[PDB]
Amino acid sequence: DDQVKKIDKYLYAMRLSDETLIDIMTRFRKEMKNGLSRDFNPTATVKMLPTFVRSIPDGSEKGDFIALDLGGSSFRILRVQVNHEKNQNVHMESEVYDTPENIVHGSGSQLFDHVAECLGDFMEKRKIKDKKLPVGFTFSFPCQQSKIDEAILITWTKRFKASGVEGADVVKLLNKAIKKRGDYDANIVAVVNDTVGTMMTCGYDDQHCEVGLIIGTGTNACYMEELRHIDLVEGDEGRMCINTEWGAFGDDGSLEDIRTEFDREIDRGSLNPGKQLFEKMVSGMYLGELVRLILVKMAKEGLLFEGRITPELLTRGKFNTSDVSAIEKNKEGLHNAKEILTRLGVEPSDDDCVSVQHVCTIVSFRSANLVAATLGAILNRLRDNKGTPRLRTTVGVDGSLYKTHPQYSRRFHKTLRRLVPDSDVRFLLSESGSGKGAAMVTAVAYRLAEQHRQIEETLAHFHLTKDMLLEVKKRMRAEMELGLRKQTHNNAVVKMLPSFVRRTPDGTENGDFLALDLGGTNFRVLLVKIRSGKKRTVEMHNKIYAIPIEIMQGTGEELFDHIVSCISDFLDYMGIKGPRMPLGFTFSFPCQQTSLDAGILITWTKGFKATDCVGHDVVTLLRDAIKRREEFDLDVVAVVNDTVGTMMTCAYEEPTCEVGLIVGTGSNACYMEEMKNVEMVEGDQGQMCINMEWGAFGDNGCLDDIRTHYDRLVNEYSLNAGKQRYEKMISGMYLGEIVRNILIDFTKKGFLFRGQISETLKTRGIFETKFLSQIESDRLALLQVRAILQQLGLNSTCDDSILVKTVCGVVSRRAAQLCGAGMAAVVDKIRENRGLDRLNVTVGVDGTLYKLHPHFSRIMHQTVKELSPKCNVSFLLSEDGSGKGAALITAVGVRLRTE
């Protein structure tokens, strides 16, 4: 006893009080906060690195993969096999490869070539070198990573010191070595820390695991932290495993008050002086040597061995941590001591043995107590995160020291239970611990890799090549011809109807004109004053009127009676009733023009059911209603198509404009054609603006080779199945539906919304052009995109969001391109029509998709350029082709009945 008491005082500084431990527990808690915070992270010693592991094995894990484990006591290679069974275990085998101490102090190159050399042999000796099995990599060192399969070595720790690796990506470095040999082919799908592997390996057997603890050569702990606490990782949903890297605890001076002269000497003779100061007070790679130093000091003071000092006792590394354990055994502790010490050349006395055994006890007890303190900080942290008064969790443990020291386990648990009282912690030990762990993470990594490989293949069908685009342009052009020729027009799908607008405005237009814009329940009347002065100027007014459904489904005699009623109101509203004014009539329903002022209605749409209108000439129905009133008289000069109105509106300013285009809910285009070509209208002189009605392009199957399964579904479920095939791959009314139908598919395959098909996802037209234009916005953050989706009614996650945005993108790009191939055919036909080799033409466009969408117009333009280089086409957003345009068509109209 006297002896033991003499050591206790000598090593008093190595005997920490609970008061002290709690303090240390508190200091670490602060180091944890700083490392997580984005403000102090820059200069924090406890790195708290994100592992990018968001959950423990859910069981659904299955596969066959390899696993490397480098950085611990020994370098082993495992082949883990997690398969499907009826409550039966998982199989796995491992092999340890000797790694020369002069190899971990060499060049990164030699080291990774060694690891590669050992890998190939392992697979070959098992001849599984053919089936490229996924490879997991457990690397126990602080690594920076922004994804599971990347690992930038922050620095080396423990006994490694290979140059040319720090600051580099070990995965690339390994892939580099595996290549150099080319003996085989490896798939490093993931890189994980050993603490992570341990937590995984044990969480598999216990879904309560949230902490991985390593206590061996080195020491470290990882836990499950709230994303909303990990400032340096964008997100807020779920959890992510954090790699504290607590071995560096104190590397900034925080622990100088508890470190002794022996601790500092141990540091001076170390590979990484000044680093991992806490670790050097705890882990097994240092325990043995720490005791030796204490023994040398004592012999030197004649406190032990009667001052006798031998060359062996002074040689670094002669007293291993394994002697510390042998000496602390309950049974043969003191006998082991005598043997060990004796082997050191010393001649120990019974007193010497007891003393040396108490030094061991004091040194290893400190290790235990210190780790209880820091682990307790992680427990309190978990207790706070869950807001629970008492904590219940399972800790995954591993490490040569913890597993082989006879007293560590017990002392560690005892002290821990005394510092962190309101909690019941379960400690699960693991066989390989990080062997099966890297496998579970690899498993998930592979999984997500296939999902992406698949998703990429599905979206590939939407990728049109410049050659396909040329065919599309080729085919559109042929369709155009069939519709112009008189011999095939009746059977053509791209009708190419004549608008009877023989000239674009020339500036000579001057006057006051009325326009009627009818295309729904809310139509409008307008007054447009045009002054052909020195300076072109046009002012206008307009009021909107409603059409009671009762009248929409009225008798056609009431419909036009009501409309003239509204016009009668407007004229008074503008204070201009009296004179016989000219009026342009924009009729946005399926019509067939037989003259500038005549158009037969082929079918009602948008809810109109007025009787005795279909088949009749709308302009006559209007003229008849006007006369029925006898209050005033108008001179209906024309019936107008809004697309044609859009070009006219544009031509008025930009004279090189001879093409109009609409890309909104629907799509159409027009252009000035040569009369000699309009076989449907007598006269080979002059020009004629043609209203293509190009949305029917492909209605005879000519696009059937570029349409996808989702294009077909959208058609199958559309109201006009088999019709408007082209407009269905380009208009804002369907784009969302192609998108929605892809999402449903992916949801079923389980790549989105947890495989759960939402009711909102089942609703058609949920993805309007407005919301389609947002999700793809450059100025939007993924957290906003996610908000938008959730706002629609989709329980999307940051991850879902990334997916939905990609799909949208794929669909809208093809839309713009397919639109470009179309537009590309028109301009070239115009060029060739006039026998030119270079054409400069402007196009007037309108439409909520072209206008609101972030990338449609751009990609569209890029495309027309590639497919039609002999043409220099310019696109100008021209609005109100239905009002201003109809008026301009009217002004040009009256102007021409004079010539």
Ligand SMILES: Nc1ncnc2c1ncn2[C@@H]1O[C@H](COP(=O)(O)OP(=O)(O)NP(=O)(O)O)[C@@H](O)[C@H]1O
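Shifts are known only where both forms have a C-alpha. Whichever C-alpha set is largest while still superposing within 1.5 Å between the two forms counts as the rigid core. Residue numbers count along the first chain shown, from 1. Compared with the form solved in complex with this ligand:
The comparison between the two forms, aligned on the rigid core, picks out a single residue among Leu341, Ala625, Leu382, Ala162 whose CA moves by 2 Å or more, and that residue is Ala625.
Put the two forms on the same core and the Cα of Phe585 is off by 2 Å or more between the two forms. Annotation for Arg725: C-alpha shift of 2 angstroms or more between the two forms, rigid core superposed.
Positional change of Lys131 between the two forms stays under 2 Å at the C-alpha, relative to the superposed core. Once both forms are overlaid on their core, the residue ranges between the two forms with Cα shifts reaching 2 Å in three or more consecutive positions are 85 to 89, 431 to 433, 449 to 796, 800 to 899.
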Second form
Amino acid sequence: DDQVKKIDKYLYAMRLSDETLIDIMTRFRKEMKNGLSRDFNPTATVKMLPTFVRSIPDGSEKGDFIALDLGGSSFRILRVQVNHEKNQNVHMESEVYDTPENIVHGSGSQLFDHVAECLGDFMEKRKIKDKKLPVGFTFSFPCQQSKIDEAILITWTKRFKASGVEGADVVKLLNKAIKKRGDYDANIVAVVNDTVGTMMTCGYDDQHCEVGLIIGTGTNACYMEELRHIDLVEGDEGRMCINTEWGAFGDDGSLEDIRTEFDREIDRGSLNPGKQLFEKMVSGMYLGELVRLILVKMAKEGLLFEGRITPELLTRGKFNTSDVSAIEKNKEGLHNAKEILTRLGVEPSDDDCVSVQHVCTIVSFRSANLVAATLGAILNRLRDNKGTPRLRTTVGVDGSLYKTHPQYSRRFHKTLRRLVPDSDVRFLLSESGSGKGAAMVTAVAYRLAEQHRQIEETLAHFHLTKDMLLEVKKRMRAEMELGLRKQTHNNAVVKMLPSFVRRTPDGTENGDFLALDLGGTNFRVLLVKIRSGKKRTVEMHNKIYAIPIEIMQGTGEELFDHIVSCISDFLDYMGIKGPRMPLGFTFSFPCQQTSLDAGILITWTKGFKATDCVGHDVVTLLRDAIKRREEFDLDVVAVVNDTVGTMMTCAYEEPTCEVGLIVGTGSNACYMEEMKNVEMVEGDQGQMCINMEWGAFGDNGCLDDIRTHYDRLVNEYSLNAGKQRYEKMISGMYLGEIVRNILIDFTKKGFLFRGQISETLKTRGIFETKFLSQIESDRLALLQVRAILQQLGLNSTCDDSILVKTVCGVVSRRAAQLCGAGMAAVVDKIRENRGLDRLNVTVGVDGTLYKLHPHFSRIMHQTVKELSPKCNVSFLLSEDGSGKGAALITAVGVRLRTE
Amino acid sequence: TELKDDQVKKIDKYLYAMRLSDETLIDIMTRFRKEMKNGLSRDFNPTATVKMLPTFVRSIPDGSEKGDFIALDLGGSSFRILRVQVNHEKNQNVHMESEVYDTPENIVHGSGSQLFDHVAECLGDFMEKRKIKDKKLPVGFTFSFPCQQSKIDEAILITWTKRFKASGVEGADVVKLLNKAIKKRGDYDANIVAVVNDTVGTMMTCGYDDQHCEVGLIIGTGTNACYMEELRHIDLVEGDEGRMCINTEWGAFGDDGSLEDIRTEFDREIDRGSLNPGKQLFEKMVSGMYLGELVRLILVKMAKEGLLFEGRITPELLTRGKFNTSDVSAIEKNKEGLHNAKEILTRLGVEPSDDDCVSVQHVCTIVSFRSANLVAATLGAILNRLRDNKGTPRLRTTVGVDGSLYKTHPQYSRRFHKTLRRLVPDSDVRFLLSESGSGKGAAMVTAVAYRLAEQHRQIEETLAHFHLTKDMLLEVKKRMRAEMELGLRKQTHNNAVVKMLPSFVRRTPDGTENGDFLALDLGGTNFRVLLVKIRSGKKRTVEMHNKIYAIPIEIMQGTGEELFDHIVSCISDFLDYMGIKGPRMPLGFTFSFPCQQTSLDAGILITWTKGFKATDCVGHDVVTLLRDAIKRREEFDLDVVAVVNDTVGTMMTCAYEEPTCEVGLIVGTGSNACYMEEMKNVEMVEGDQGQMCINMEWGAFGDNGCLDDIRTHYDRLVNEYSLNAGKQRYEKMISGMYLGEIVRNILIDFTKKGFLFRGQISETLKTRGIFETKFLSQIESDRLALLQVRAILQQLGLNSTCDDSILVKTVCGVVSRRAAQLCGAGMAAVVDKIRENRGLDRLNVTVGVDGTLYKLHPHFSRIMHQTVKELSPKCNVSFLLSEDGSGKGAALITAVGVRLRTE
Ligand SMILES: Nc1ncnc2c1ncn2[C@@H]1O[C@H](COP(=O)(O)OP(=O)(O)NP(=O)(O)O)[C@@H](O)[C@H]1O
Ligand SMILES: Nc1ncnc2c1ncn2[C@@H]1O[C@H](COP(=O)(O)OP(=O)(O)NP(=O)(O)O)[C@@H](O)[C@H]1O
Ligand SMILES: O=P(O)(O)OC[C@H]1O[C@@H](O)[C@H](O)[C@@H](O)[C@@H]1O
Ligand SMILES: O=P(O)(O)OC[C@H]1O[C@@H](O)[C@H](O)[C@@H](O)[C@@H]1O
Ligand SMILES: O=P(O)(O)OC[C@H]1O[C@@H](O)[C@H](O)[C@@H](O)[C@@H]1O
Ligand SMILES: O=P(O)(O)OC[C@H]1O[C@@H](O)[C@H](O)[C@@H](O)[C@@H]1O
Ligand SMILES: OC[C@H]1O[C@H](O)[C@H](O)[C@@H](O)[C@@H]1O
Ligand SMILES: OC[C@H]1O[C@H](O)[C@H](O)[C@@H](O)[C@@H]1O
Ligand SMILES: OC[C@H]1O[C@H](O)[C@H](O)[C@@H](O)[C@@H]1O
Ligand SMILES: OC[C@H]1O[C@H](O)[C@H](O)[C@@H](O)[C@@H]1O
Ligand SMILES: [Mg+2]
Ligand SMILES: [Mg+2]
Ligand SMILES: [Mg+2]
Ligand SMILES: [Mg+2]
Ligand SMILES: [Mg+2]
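Output the form solved in complex with this ligand next; the form deposited without this ligand has already been displayed.
Every chain and every other molecule in the complex is listed next, the one we just looked at coming first.
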């Protein structure tokens, strides 16, 4: 007939069995799964939050760190000093600062003003204001972080409820507050939950610590999870700590069969009704009020105090968790119950004291059992990830209920071992709270922010502003004008070369021509059939022929014999071997022409370098190889640059096309100039197409104040050291070499590739256009970026791959902007020479970089639009190669060699 | 003996690298198998050479297809145009009429504009010769090139292959381009409803006859295959039920050098002279456009070495194209082969001897046999995949087949079918030859896509009713604005459905309010009792306490004494709870319903709104029913000072700190607004001095008819079935009690019409309340995978499939979007009126807002704000969320109460 048996029955639904706890554990096991999944997280109640902490301390941290801890029973500020090598050591000093009701419940401003004022005082009294120490912030609330130094508040919990904070990044709110008080500056470099710092504190001393557990004012746990299971973070290597935020378990109604009427009543008086329901059955802030609610009910039904209620009894908060602890002490518990109940006014009896003990017992054991169940789900997940029959792991713990209750921990530990027999757990109690740990994470964040600081300074040398880009355009304009004028031309670096093509296609062109395409990525021999009139037709055919690097860099004479010999192969293939036919020679090197069919090679560019060609007439060299072969005669009527033939191609259909552009292996442009402006050729009537040879802009030092160390290495290790400087910042032959030298540096500083500069990274050309374009594609995910780097031969991690991509982007973006600033100049010079206010002009373009890069063309058109706002430029991609155009121009010789 | 080599043995040695054994083909098959898998996964598709592309064709014809439609066939050897009729449920079987339009080189190679103008021209003529311009026939477009499709009537050209190379088309959607040509012409109208691949058309043509058909196979000018994949394995398509045909684009197998070990010098020289070098490399080893050049290349090199023609080489033998694949066919003929070889070679000028003919036949046989072996290896991979998706030991399947080479070569199909069967011994395959083209099949697709678009068109037509144009929104503001005036005018309180009720709060807070107040919160989601301590010091502070109390609907819609007797047990309980029973205390009553007020501390209930309907309330003073229940209790005592609308309480809360906040907005269970109005304008309150907060009772807008215009079938149904038919009409197109009832009604309809829920209206869909503010908020969130939208709906009890889940989410956004715009028209009026009232040119104002819908909905608050900024462009309105309920605000008003009193 005992009183204890009655209560057991009264509170039957709080006495959880092992079967119910095994059931709780399975559900928690599914919530974790839900929260890690990209599919189910948006609705999961157990947020499974990434912490950006990747391991427990490794003994290599050193420094002097200020650390804040706000969110649990006290607000503290610690100064943690840690040094190794030598002798043994981590020193901490800290201060508790009060935070009243008006602060925790006020505006977010008032709270952070409050925080920055205790920080100021803290450093003030120790005199460390100027010692500029990195700050670590233990803020114990669920925050969404994409990096270690952002903390976006998802939702208040426990006792805090300040306006203006939820949804905001509280490190910017903190900075704002500190900024607001000019007193000092603070480098806030990390935010961490109290579970993670706990784990990090315990992990400094115990290498198998993989869990951090808080059973205090609130409850939570964090654990080391595999990167390849955390869908919301990109990577699959190693592990990252996760903040479960288990307090929220049941917030969608899944524990409704466990929660009692006392739990529903507590929730309604709470400062967050509906939320953190598992936490409300477990943590210190609630248990006292839970028993109080049960005592009022038993009291109202005459089962306690022979039914006497007092106001005190009925008052929220009048029974603490510290009274539930005192009441459960072995020798003194009953003496403590009488004093306290006596203080509440119910004139307690000895039976009432044993009854109030029994109730305290069932509430706190229900708490103990519940966290055994969610903690064991975590251990079953750790053990499953590991692949092992048994699991040995250490859980770092902290919290006031955990520390001060005289039965809890023991009860908790026993249940755990029953629920999870295949796991052996050591509990390590955080004697001095979480500062050591937070400090340890602050040290790693700090070393990383420094490495970020340095990559950004290197990369910012590639950044051009509007104002910068307007100065390049303006220099380009001053340079076209010196190459054009008779007095300045010989010393000019941008030669403004006459091509002798005097108009765009006029619809009369007719005939069957041969063409050559030499100087881009493939050499071709072409046959183009053009028919003017009613039904206008163009019929093309072509054959690719390789040219060994031996030949490209052999003798002029091996080069041209090799050329004619594929011509001869090609005339067989088209069934036209015998007849004498006219040919247009698209040769994409700077040529000084005195007519359409003459072209003296000024200098090689790009990868070509045959001997005895520079200084000669390439039409001559070709005609000596034909005669030399003595197989067929040919009639070479025209030497053409790929820009001009590209413009001619695109203008066959588009009369507004007066500009050509190439961005492929090299970069260059042509455009229609007025003859009055071409002082180097006699005559003022009409126009002429000018082959700018814009690659050579900067060859007199005029872009030096924008060229980088890496641009100087690529130029100095080139086949034409000192020349085609602009092209060298823009085209497909050189961008990858820029990117490769940047990566070489970064590797030597340890930022990439584990600091190991390999044989792959030392090989020239590893980053060709095709790979540069893919790596940067919005079509690819980091995963596929990494796989590209690996097939190139690089030992690249996910972090490495994120940085290679950023690099590629910086260099490719700068190339499109530099290319846009020069095109800007050209269109402005045409518009404004014509007296026009608004020019619409079409540019015909070709080249593999331009065709294959996913960003270049968009950024370039944007640049042209921003710097030359009175020109409306259209870019028309030529899909057929340069041949049609050389063919159209070739028809113009013929006619003129035919007079 | 010791056998000595003859021509034939020597040529097998010369061309060893083309003679591929069962071991090498099993290696290729397995490579192809990994490339398909590679193509279907999201982790490797972006760099895959086998694109494994989605076609939107979910199955082979089932025989319900009926109707009449055109069908364009572009990209094989002939540009054809068909007419296809079927409708068996009534008599007449499929019947096919076609033409064939000569398309010249200069077109296949000119601009895309020339190309599509020519196709447009041909369609026109073909429509006149038949006299059908005027019928409105659905059009199908078999376009045999790799294309990215996000739906059946889009086809973005990835790349040209085979013979075509028209500029300005790649990257562009050939449907756009065709329409654009058609448009420019004028002759007729074309409804193009679908683009398929000649593989998919083949599979469907053959499936129409054999329901076992799962593969479409093309070995003609080009080669490709398509097959039915489990939507579970198509990562680039969102969905996991049933199947979808995949068009592999196996021609590009090996682009990336993964076939560089089987490719030879002959295949590397052919690539050098083709229209797309570096592309379609496996196709270049197999298909009709290439087999003839491949033989010619071998013959030139054999002639140069003296193995053929005693070393003679003529200019014909050296010329691209002079030996074609129909030459390879004629030479491989059983009887007449060697004699065909004689003629063909003599026209090449080479004076062929009889040895030379036997040699050439043999090279032709090795080249064409390698091609047949290759397609057997890659089909072998597709068949094994099919067997592994079924989970059987054996597979049974039909392959539908088309292409000139397969049809005309005398030996090919035989050796193909044979090597195939030997490579896949556990499969029982039938090969069905699409005797007459891919048009029957394309027509069957066009027919399923046409029916689907009629549904889509009818869903859009219902939904367009919820779409509000900027001048309609503007007319709604002007309408809101005219009702404001009416409700203020002493003589117009009638068709004054918008009452403009005076709150008797004459100013916002003024740093002097001080004290300990009880407050009550009745009308929203929770009934709460509060303790609010305000101190004015040099330390301005606010301390809040509250407790939620349920109201069991046996009190909600029960009596008034029984409703207030309850409020007052709960007040009694809250004072014990807070430890303050005893002290006579002042109370602020936030009561979220329309009331006529003669002062701060009295208010007669005008009507029940929202969910409340307790009897003996309307026409009574609530502060009087409150006072009675307190006397019935004859326990404690308090001093009721103020009765306040949630609206006025939220504004005041928010203004406790922000002097700009002169407006209050509620969007939760119901919707309402308040603002500070000038007293010269409040005609019903004597005094022309100062200001006054007006509780608009804005939800009643449209109660006289002035929104009838924008109200839909679904809005009238929600209203007719409500506790208060005829009223709070504007509130009924906005708030969270009513939004999901509109959606529910939309879904009921669409389900009767068969567009959704397999057409069954279930007990779940017919339950009021199913679509709560919490699920509408989740359903419409932007971080939602479609798998999750489905899960939720199934959680609710709805048997939703992927596509149902797509239209339920589109229905929710349409409703919730109209709700935020309508709200913003309303707020645009309030803020333009306050500006106007003050003869200002520009107004800066802040609205304090609360409400579960405003808080939880992903888009609502962002669209309302946009709306207000676009319709009152001279006002600059900031909105501040009330994070802790309007109790602070009611308390502040209770502070003024007590002042203005006990003066
Ligand atoms: N699952 C449970 N939930 C609530 N109360 C429980 C539960 N299990 C046991 N109790 C109570 O806990 C007390 C004893 O537990 P405890 O002393 O910690 O265990 P023990 O030392 O292993 N066994 P014991 O000999 O009973 O003391 C008694 O008051 C039991 O009624
Ligand atoms: N794997 C292979 N690759 C290339 N050529 C092959 C291969 N296997 C066999 N051949 C040749 O294929 C020919 C045999 O063709 P096959 O279809 O098996 O019979 P057939 O002689 O053409 N039949 P028939 O019509 O009765 O005369 C011989 O000339 C073989 O040298
Ligand atoms: O203060 P409690 O809620 O009892 O929790 C105790 C612990 O809580 C954490 O919030 C703090 O990071 C710890 O350093 C503190 O020791
Ligand atoms: O091949 P790239 O160097 O990228 O340049 C690509 C283009 O190069 C020019 O030099 C050729 O004349 C064009 O016909 C070719 O389309
Ligand atoms: O025309 P071929 O390339 O030889 O291919 C044969 C088949 O080609 C497809 O592209 C057409 O859509 C079919 O109707 C045709 O019968
Ligand atoms: O509860 P809802 O109807 O969503 O609107 C929420 C709000 O509405 C009001 O009626 C209450 O006075 C506010 O304190 C509450 O925050
Ligand atoms: O402080 C203990 C726990 O308290 C609450 O659960 C917080 O939401 C959580 O972040 C914290 O770790
Ligand atoms: O091919 C693009 C350009 O490459 C280099 O710039 C050549 O000097 C130039 O003439 C050619 O136009
Ligand atoms: O026409 C047969 C096949 O030819 C080509 O390979 C096309 O790329 C393909 O889409 C078509 O199915
Ligand atoms: O609760 C928001 C609004 O709900 C209904 O519209 C009530 O009639 C109104 O008084 C309240 O302000
Ligand atoms: Mg991951
Ligand atoms: Mg026990
Ligand atoms: Mg001149
Ligand atoms: Mg899928
Ligand atoms: Mg008045």
